[PDB]
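A.B. asks: Chain by chain, the residues run as shown.
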Amino acid sequence: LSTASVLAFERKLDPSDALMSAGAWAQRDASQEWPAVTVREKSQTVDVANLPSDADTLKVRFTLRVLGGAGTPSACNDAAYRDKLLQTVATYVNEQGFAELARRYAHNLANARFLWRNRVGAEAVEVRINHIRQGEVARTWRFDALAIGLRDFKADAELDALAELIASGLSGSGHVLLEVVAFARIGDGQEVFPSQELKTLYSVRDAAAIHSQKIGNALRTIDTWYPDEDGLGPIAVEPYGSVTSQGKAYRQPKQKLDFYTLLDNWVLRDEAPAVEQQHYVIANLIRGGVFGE
Amino acid sequence: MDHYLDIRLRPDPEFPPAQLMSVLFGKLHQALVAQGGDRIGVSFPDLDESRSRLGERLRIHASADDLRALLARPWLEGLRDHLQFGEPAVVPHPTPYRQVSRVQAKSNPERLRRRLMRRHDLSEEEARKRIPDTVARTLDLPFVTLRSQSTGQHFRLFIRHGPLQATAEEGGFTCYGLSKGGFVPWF
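Protein sequence lines, in the order shown, are assigned to chains C and I.
Residue numbers for the first sequence, in the deposited numbering: 6 to 48, 77 to 231, 244 to 338.
Residue numbers for the second sequence follow the deposited numbering, beginning at 1 and rising by one.
It should be emphasised that the hints constitute simulated quantities derived from the structure, not laboratory data.
All residues carry an ideal CB built from backbone N, CA and C; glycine is no exception.
Just so you know, nobody snuck in bad clues.
Selected chain I positions facing chain C (in silico; Cβ < 7 angstroms):
no. : residue
1   : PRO13
2   : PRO16
3   : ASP81
4   : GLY152
Using the sequences provided together with the hints, build the complete structure.
C.D. replies: Laid out in structure tokens, this is it:
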């Protein structure tokens, strides 16, 4: 028994694109007619986007979908490897649910890390999460992102309710569609940070915005299981876990922490690793990619 | 000065530490323009002049009351999880003294072109033949990229640490807190 030559996994947990609109505080629950940040070109030639003169808060809107069925690949060659992988993920999902993963994901969703440069230096930030079952909204969460730091995944009651909703999604028992709104008290006349193109700011039609993959790379920053050090915090879960800013390869394959090594020891060599490594493995399977030759 | 404070930056992978020292420098500049004062100096004990790097630790120089006024303001909000703090210490003895300086040069002379034509109102060919582009000087000083609040622009502000002296005399520090005569203990 060996691996398939090609193997690809469609992603679950699909974000949207996050457009930015502006308004002043205390209309945090009257935010329906807020105009958006338009981008302007000043002077080489440099595009620039600024907050309006009489507004200190930013409305960030995107949408989440949870799909489920994360063990099935989208393309596979030989059936023995596929059925071995399916029974392996069956033993994983029936030993333990998605509860630790959904807990870490709702923890990362509660604090507004998805404003990357747009979080630090803010007065007050707060998120507001709506479950939309039918065309109307069915439930509501509320978290202050300043309460939850960027250093640890904590515990809370409403966070646990969000986590069981996410684990209900990942188990395949229901459909999850979530509207995520964020507010951020920063001040007036400051520069906003949308995505940079290849210099121009990324824009939806007359409105600056955020790429979907930036939101996705934010939302999967749960890898707290690096082998060398762990005072670095959480990592965007990736095989050959690395970082484009710091520039170093954690879980390097000279060590036995590389994702493919854990995979072919679990599936082929039949040596099940530690449980947090199994959580990292299922997180990478949630992320998706190209696996094979 | 008489008292110093070393705050240590937290090891951050998802933001490179030059950006954290940039936003810390911007926080210090807006703090000094908010509170004022002329006897507030800066020092960085981990200067590597060979790679033109500033390091991981920075040191402010003020009195005790200015120090505990600086720790009693909301400029520390939002980034307590992003760096570590220090304690109001006495300077050891003896310690040598040096400088901190922002050295700018005529790095691309189009500013000199526009200033010379706003003053002289001559032809552009006169500004082309008067001073060439070889007046661009190159600097091996550590630099820090700061934005602005009014005229928003990323610019590298160089850091020059002066020679090692022995006695500190009277001198001030500007709104950027660099040495304009005021000396700081290097240790």
